[PDB]
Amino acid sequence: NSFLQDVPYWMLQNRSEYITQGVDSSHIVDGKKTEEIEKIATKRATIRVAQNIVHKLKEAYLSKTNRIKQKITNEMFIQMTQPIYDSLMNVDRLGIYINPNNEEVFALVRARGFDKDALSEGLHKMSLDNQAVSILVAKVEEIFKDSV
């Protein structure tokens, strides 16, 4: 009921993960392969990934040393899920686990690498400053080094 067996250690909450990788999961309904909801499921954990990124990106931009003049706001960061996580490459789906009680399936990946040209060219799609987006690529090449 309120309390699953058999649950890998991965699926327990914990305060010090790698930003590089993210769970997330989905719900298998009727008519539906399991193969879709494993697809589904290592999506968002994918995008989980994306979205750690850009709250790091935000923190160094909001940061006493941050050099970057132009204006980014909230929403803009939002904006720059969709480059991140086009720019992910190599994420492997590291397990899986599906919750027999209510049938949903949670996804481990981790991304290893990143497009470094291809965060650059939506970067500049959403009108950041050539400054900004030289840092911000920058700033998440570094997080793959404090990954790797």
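Residue numbers count along the first chain shown, from 1. So that the term is clear: the rigid core is the largest set of C-alpha atoms that superpose within 1.5 Å between two forms. Compared with the form deposited in another entry:
- Annotation for residue 90: C-alpha shift under 2 angstroms between the two forms, rigid core superposed.
- After superposition on the rigid core, displacement of the C-alpha of residue 129 between the two forms stays below 2 Å.
- Core-superposed comparison between the two forms: the C-alpha position of residue 11 differs by no less than 2 Å.
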The other form holds:
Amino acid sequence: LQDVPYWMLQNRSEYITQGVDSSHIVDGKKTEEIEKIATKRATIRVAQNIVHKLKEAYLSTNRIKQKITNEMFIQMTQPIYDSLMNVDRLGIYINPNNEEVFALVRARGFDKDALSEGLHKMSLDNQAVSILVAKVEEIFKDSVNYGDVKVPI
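Structure of the form deposited in another entry, please, following the form deposited in one PDB entry?
This part shows the chain on its own.
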């Protein structure tokens, strides 16, 4: 395993459909296992980045009429995560100081009908669900501009 690069330590919130997370080496787990854990966490981070962007676009030029609270935004994380598809690990690295494994992942897509169904089972009205799902689609469409970038251009 290569050492974590500086770019993994920089703010990468612009790369919404990419996620970076980590796992320490743990008692009686070997590296391959820890890598699976870091990668799952990295994928959960993608869902959290999307939620953050939805909350951001809400609290702007928002068109959503309904009140959506912080708790409701948090509660969107699972339905988004559940809908993610074709999540590629772009990179796996080790921190030399503490043995901690870091993963970089990118979600290439999401299952739009699954997300819709999930949001419809929260207290989100029809218009809210439609705009939110639209916004997730736009995030994915727009993600081609960064794509699989590692070292930023």
